[PDB]
Amino acid sequence: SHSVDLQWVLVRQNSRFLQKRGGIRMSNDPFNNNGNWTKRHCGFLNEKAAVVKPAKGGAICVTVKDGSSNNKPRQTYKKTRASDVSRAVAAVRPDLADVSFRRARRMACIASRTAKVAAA
Amino acid sequence: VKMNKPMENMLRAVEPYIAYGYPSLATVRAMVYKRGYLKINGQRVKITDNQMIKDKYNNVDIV
Amino acid sequence: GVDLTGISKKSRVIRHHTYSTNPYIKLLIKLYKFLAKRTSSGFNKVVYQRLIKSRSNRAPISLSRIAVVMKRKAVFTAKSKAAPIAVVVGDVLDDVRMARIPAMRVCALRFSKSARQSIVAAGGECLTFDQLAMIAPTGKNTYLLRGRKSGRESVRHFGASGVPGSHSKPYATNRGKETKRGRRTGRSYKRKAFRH
Amino acid sequence: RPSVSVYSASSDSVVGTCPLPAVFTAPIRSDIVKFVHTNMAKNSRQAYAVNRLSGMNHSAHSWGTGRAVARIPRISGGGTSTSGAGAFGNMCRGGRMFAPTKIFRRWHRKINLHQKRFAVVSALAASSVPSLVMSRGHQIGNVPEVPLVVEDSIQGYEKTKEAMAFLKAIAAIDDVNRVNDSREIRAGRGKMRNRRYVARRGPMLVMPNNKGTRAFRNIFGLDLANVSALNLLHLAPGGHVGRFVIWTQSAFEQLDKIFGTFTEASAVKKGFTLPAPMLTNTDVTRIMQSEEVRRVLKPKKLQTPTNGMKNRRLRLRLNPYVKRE
Amino acid sequence: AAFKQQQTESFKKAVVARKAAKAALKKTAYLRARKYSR
Amino acid sequence: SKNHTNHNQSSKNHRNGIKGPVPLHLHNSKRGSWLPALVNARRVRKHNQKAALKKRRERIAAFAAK
Amino acid sequence: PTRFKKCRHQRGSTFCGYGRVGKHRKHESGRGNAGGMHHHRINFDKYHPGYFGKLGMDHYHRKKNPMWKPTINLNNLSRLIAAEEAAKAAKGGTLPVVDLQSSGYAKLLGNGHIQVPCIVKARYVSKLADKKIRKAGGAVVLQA
Amino acid sequence: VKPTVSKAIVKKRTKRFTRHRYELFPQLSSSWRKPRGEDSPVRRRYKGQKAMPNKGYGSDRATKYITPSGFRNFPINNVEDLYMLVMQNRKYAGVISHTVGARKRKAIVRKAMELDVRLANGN
RNA sequence: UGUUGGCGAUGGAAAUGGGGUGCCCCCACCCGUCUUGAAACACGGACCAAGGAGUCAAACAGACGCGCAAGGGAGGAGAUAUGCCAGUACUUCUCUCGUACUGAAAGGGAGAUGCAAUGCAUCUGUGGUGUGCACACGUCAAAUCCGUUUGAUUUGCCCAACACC
RNA sequence: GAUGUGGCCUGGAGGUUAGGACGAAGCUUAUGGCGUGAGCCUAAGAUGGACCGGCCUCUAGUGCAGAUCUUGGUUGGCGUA
Ligand SMILES: [K+]
Ligand SMILES: [K+]
Ligand SMILES: [Mg+2]
Ligand SMILES: [Mg+2]
Ligand SMILES: [Mg+2]
Ligand SMILES: [Mg+2]
Ligand SMILES: [Mg+2]
Ligand SMILES: [Mg+2]
Ligand SMILES: [Mg+2]
Ligand SMILES: [Mg+2]
Ligand code: NA
Ligand code: NA
Ligand code: NA
Ligand code: NA
Ligand code: NA
Ligand code: NA
Ligand code: NA
Numbered sequence: 002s003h004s005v006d007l008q009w010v011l012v013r014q015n016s017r018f019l020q021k022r023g024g025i026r027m028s029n030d031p032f033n034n035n036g037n038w039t040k041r042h043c044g045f046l047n048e049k050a051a052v053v054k055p056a057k058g059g060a061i062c063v064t065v066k067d068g069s070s071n072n073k074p075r076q077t078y079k080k081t088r089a090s091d092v093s094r095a096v097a098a099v100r101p102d103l104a105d106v107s108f109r110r111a112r113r114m115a116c117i118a119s120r121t122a123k124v125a126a127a
Numbered sequence: 127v128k129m130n131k132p133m134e135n136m137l138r139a140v141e142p143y144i145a146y147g148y149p150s151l152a153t154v155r156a157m158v159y160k161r162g163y164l165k166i167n168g169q170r171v172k173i174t175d176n177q178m179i180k181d182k183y184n185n186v187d188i189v
Numbered sequence: 002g003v004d005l006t007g008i009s010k011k012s013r014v015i016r017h018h019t020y021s022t023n024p025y026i027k028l029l030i031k032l033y034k035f036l037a038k039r040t041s042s043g044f045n046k047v048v049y050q051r052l053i054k055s056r057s058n059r060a061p062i063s064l065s066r067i068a069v070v071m072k073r074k075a076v077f078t079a080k081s082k083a084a085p086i087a088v089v090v091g092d093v094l095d096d097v098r099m100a101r102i103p104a105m106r107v108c109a110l111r112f113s114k115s116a117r118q119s120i121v122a123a124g125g126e127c128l129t130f131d132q133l134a135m136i137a138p139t140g141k142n143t144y145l146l147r148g149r150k151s152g153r154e155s156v157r158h159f160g161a162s163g164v165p166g167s168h169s170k171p172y173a174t175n176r177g178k179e180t181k182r183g184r185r186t187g188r189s190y191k192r193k194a195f196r197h
Numbered sequence: 004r005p006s007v008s009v010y011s012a013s014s015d016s017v018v019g020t021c022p023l024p025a026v027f028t029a030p031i032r033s034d035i036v037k038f039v040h041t042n043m044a045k046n047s048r049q050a051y052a053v054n055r056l057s058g059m060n061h062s063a064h065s066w067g068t069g070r071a072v073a074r075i076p077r078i079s080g081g082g083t084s085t086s087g088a089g090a091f092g093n094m095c096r097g098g099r100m101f102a103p104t105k106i107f108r109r110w111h112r113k114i115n116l117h118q119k120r121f122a123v124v125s126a127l128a129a130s131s132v133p134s135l136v137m138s139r140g141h142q143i144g145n146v147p148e149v150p151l152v153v154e155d156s157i158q159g160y161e162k163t164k165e166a167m168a169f170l171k172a173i174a175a176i177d178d179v180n181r182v183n184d185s186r187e188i189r190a191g192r193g194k195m196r197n198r199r200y201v202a203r204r205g206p207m208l209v210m211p212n213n214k215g216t217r218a219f220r221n222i223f224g225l226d227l228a229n230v231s232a233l234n235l236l237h238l239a240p241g242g243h244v245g246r247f248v249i250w251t252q253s254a255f256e257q258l259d260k261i262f263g264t265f266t267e268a269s270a271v272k273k274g275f276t277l278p279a280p281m282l283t284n285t286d287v288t289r290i291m292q293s294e295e296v297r298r299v300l301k302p303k304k305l306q315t316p317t318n319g320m321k322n323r324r325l326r327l328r329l330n331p332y333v334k335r336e
Numbered sequence: 026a027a028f029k030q031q032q033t034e035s036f037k038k039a040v041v042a043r044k045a046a047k048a049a050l051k052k053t054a055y056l057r058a059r060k061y062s063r
Numbered sequence: 004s005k006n007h008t009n010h011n012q013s014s015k016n017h018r019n020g021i022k023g024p025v026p027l028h029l030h031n032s033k034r035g036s037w038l039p040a041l042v043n044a045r046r047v048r049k050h051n052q053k054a055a056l057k058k059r060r061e062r063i064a065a066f067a068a069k
Numbered sequence: 002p003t004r005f006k007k008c009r010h011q012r013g014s015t016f017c018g019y020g021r022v023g024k025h026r027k028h029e030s031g032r033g034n035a036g037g038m039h040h041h042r043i044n045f046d047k048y049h050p051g052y053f054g055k056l057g058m059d060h061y062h063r064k065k066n067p068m069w070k071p072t073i074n075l076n077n078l079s080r081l082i083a084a085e086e087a088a089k090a091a092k093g094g095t096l097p098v099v100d101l102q103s104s105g106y107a108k109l110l111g112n113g114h115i116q117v118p119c120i121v122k123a124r125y126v127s128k129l130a131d132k133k134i135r136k137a138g139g140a141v142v143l144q145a
Numbered sequence: 002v003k004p005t006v007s008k009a010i011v012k013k014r015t016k017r018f019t020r021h022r023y024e025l026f027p028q029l030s031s032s033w034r035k036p037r038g039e040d041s042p043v044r045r046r047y048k049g050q051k052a053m054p055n056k057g058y059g060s061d062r063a064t065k066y067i068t069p070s071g072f073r074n075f076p077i078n079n080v081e082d083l084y085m086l087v088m089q090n091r092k093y094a095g096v097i098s099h100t101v102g103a104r105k106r107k108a109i110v111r112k113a114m115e116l117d118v119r120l121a122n123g124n
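Chains as they are written, first to last, in the deposited numbering: chain A, 2 to 81, 88 to 127; chain B, 127 to 189; chain C, 2 to 197; chain D, 4 to 306, 315 to 336; chain E, 26 to 63; chain F, 4 to 69; chain G, 2 to 145; chain H, 2 to 124.
Honestly, the hints are just simulated from the structure, not real lab data. We put the CB at the ideal spot given by N, CA and C, even for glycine. Hints should not be assumed to be uniformly reliable.
[Claimed, not checked] Okay, the calculated beta carbon distance ranges per label pair:
no., chain 1, residue 1, chain 2, residue 2, range
1, D, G191, A, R88, 27 to 37 angstroms
2, H, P54, A, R88, 54 to 64 angstroms
3, D, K260, C, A60, 21 to 31 angstroms
4, D, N212, A, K73, 50 to 60 angstroms
5, D, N212, H, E115, 26 to 36 angstroms
6, A, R13, F, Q12, 50 to 60 angstroms
7, F, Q12, D, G242, 56 to 66 angstroms
8, F, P39, G, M68, 43 to 53 angstroms
9, E, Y61, D, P316, 19 to 29 angstroms
10, A, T39, C, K11, 35 to 45 angstroms
[Claimed, not checked] DSS-like mimics (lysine-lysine), calculated; alpha carbons at most 27 angstroms apart, straight line:
no., chain 1, residue 1, chain 2, residue 2
11, A, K80, D, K303
12, D, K303, B, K182
13, D, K304, C, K31
14, H, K105, A, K123
15, H, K56, H, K16
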């Protein structure tokens, strides 16, 4: 009944996920792949969403919001190479392919560097 | 300007402000090729090819 | 230096964005700005221009006026074509002086409860602008209407009341106080009711 | 019409299903909520003023000119350090303030009854969208459903231990813990004026009457409400919509009779019906991207020398005949 | 992909027409310049 | 203490220009003219209005019938 | 709110919008409506014609309750009838009855076209109203 | 991490706009106040006086707000603040707030080193 | 858009920007004020800290935001949740501004069309004319990726508004 | 003289997000960085010893160079008359 456009109009100016420090606007949202405060990446209000997260060891975990169990907060998010991760995301949201690809690459590099500093 | 009576009687009244005379083909050509600009959508646009001239004037006598 | 004297007197004062605080008004403006940009119709451009205006410049309209103008358009229309959709960027109010009306489709920003009930009882439909954007994306077969502005008390007060030819009301709280001198010839003079 | 599950107070099981009241589908007007909150928060205020005689309890007079001092009233007499000092002025030490404050300033405000009812309805509707609750700031990550409706047997509890067990089972304990961890001593002068501690706002629990609150009264970070009198200052703290509310089943079934529907009128608020929406469907991107609009959209279209003399390229581009001359 | 195919086909059709118009305007300008000189 | 000049007045008058006169076809009132002709003109106007109403009725009937 | 006023925009400008030549002084034209005949005559005469003088007879002890007399029109008569009785109404048969003095009115005036025949009970009525309602099919009954 | 490259920074003016005649009175601060005296030489724009700020002194928008290292500053207060910076690595550097203590500063510096996030005042 | 040297091998380094003090060449009348005119032989002016001047109420108007709409809204008071709570929730009756004006007053009191000359008959209806958005029907130009646009105009109804009746 | 500003700053209130004995406020500066500017932020204290920052709304006894301005301290004249 209440759509994503209306919700964005309602929360665009003040939210607990909007961090306005200096003159810069970032996003604290755990379901944001970018940090940008825009309607595309605000994953907590979109009907469908997908976010790439680091998992234990060298694993990469992708969390997906299918859009059918919204209004049930404990069932909203079910878990699951960079090309494979991008293909996994593009099933839910095609416009989240490039950012998810780059995020998977960055997560792998972070894991490798952490292993390096652990050995050292 | 056209050098007829309605314009000559206007040029006669602002004489201490202007210099004028009768141009030649070389002068007209140089002033169009070197320093010619058009009025396109109210903007000042330099002449760079014949397609702009054709589009601006929309007259088969000016292409 | 360039001689551009009196070049700021050519500037025009327009609005270009809304002062309203209504999120639904903002959503409607978002839709119709896109339509006016990407469509060639003049209906969308006019509607977009009128959504930006202030409340005082969107006067309410009356059900009786809607019925009358629709009938005057209908008498000269082919018997097989369908009646248009009445569209007003404003409120539609009821009229107790007209009891029976035809069945019409009306689109407006707001309806009174009585206006909505009257329209549906007569046999028509009350539409919203997002429904209109889906029935008539270009505005084909529509009747764009405006409400009345004159007859407002402020308009009747505009002017100076004591100059010849002027029939504007004064700003006064006691109705019997400002009569006599300057309003009756028995006193010094009376201001002239007509001037060429 | 969608349906809402009812959860048991002691397990992770659903017990019943209830239809959704129309007040939750009513429109959301944050501008109206902010206006009514701004003007309603002023009505619990007390007056302050200075004494009418302060700064002016002397017999001061001006000394005139001729004596080489400025013309300000000066205190009379001798024998003290205050003799011949400035008096009666906002610029003088010990003087009178500019425009002393009175007690017939307007402290309270009037609001239209219909606008107050509109604001309450809008806040209630916003408290059922799980993204707005998160934006306001509650921790609802592990909550079964929104709106959260709970069986009516929690009104028989008699001990806070039982109440806390129920809260842990429903998983409101995360927000209760947020509130508990936030407590601190206030910054500024306010802590000298009986405002020493601050904390966040937790969940609100709505009951059908004023019975059964003994077990919940002492839990820090939980607020209790009566469905018969709902407060906008609590449904939208700070002027922001999206409070976390736990409904009892009986109050949930009373909502429709209290607020009415889009066609039927309220049985309590005489002659009140839910406001009609300005938009039937509020998703304008779907309309913008639909096929009906795309059939009528305008088709897309396909999209440095300067001398003119002494630049051969430009000269030949403008006049292709220059070769034959 | 029907919309994309239609778009690219239309663009491929438009480029050649632009080239042809350029080619024609060049010849017209040449002829007019010659006659004016005469 | 009493001085008079016309120094800046032309410039002030031409700042927002001298506005031209209203076209003669507007505000073309006839009040105060010769009454004998005024009365006859009023009678003719009344007849013209009746004729216009009849003409519209005839047009409507023709369109409806055919 | 004090933060929206013009004095906050003017901090740093000495004169606060009153000028260096003619300053801001206490009462430069008098107090109140002074001078309405001498040095404010143009203002008074052009904006308030009729302020000065006398007119008419007097009335030493005016009471408004004996003078109470509100009015309503024929085309407005439908506000005083309920919807069901309006639908059930029809000329020639059983008509609804309207009581003006109980609804808050005293006189019936005759502007417009009547939208439903009915029987009206009124303290006063006008010639045109009486004639029009009789032609429509209702009637008017005098009350007190 | 290295920042994204950009054009060269120009800085139309480096000197500051200080108040008129603040060097002669100890109580006057150096911050700019607009002079409004009728006879003021600074206001009347004489040849040998000091200048007033305009819009023409504004800086190029391509390089506005960029520090000499090539980054832009984003203030952070704890460890979790680095996770929203981890994605815009080459655009932003973090500035630890002044009032964060030594105990927390150790953890922030360690985490930033692990995540490869640049700190403007790290250690 | 590449090519060739110098300095720079992890230092108490090199380099590039800031900052500080001196010097040289050039430029440069002391602030605030009133005044046609101030650098003035026109008034105020030794230094620093803290204080220091368009505010509150009430009547009216115009612009802008919001609710309802031929209706809108109280106020005072009551009733029970209520016995933390000077708040919030609820309310019959009334009162007030408006839907009708005019006359010193006794008083009177506004639809259209047709036919006739407190008349009669009908009631889905702009009192008429001129200038008039959008929409509908035709026609002609320019441009075109050939699908349509951008313009003009004819006629119908003309919404808002203005002029004459 | 008018108007605008997701323009800067000060005391308090409703919300939200954070910091502090591994050192809060205040104070010092050849401490740099950012901004046309009002200003903001970091560094060092061989200073201090308990409170307080950002953002969205609300509110006011809310910004000083001069009034023969008010109160307190200081000062050249001067080791002079
Ligand atoms: K004079
Ligand atoms: K600078
Ligand atoms: Mg009227
Ligand atoms: Mg307790
Ligand atoms: Mg007399
Ligand atoms: Mg001066
Ligand atoms: Mg009136
Ligand atoms: Mg204070
Ligand atoms: Mg120094
Ligand atoms: Mg003050
Ligand atoms: Na005092
Ligand atoms: Na004056
Ligand atoms: Na004067
Ligand atoms: Na001067
Ligand atoms: Na002065
Ligand atoms: Na001077
Ligand atoms: Na001071």
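Now for the hints, and whether the structure bears them out:
Taking 27 to 37 angstroms as the suggested C-beta distance range, the pair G191(D) and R88(A) does not conform, at roughly 55 angstroms. The beta-carbon spacing between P54(H) and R88(A), approximately 55 angstroms, falls within the hinted interval of 54 to 64 angstroms. Distance hint check for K260(D) and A60(C): the Cβ-Cβ separation is about 39 angstroms, which falls outside the suggested range of 21 to 31 angstroms. Taken as a hint, the range 50 to 60 angstroms is violated for the pair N212(D) and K73(A), whose Cβ atoms sit roughly 30 angstroms apart.
The hinted window of 26 to 36 angstroms between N212(D) and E115(H) is violated, with their beta carbons roughly 56 angstroms apart. Take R13(A) and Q12(F): their Cβ atoms lie about 56 angstroms apart, and the range 50 to 60 angstroms holds. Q12(F) and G242(D) have their C-beta atoms about 58 angstroms apart, which keeps the hinted 56 to 66 angstroms range intact. Hint check: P39(F) to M68(G), Cβ distance near 49 angstroms, so the stated range 43 to 53 angstroms holds.
The supplied range of 19 to 29 angstroms is met by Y61(E) and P316(D), whose beta-carbon atoms lie about 24 angstroms from each other. A C-beta distance of roughly 39 angstroms is found between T39(A) and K11(C), which places it inside the suggested range of 35 to 45 angstroms. Taking the CA atoms of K80(A) and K303(D), the gap is about 41 angstroms. The hint is violated against a cut of 27 angstroms. As the CA atoms of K303(D) and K182(B) are separated by approximately 23 angstroms, the hinted pair is consistent with the 27 angstroms bound.
Taking the CA atoms of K304(D) and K31(C), the gap is near 24 angstroms; set against the 27 angstroms cutoff, the hint holds. Pair hint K105(H) plus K123(A) holds up; C-alpha atoms about 24 angstroms apart against a cutoff of 27 angstroms. Between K56(H) and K16(H) the CA atoms are separated by roughly 16 angstroms; this keeps the pair inside 27 angstroms, and the hint holds.
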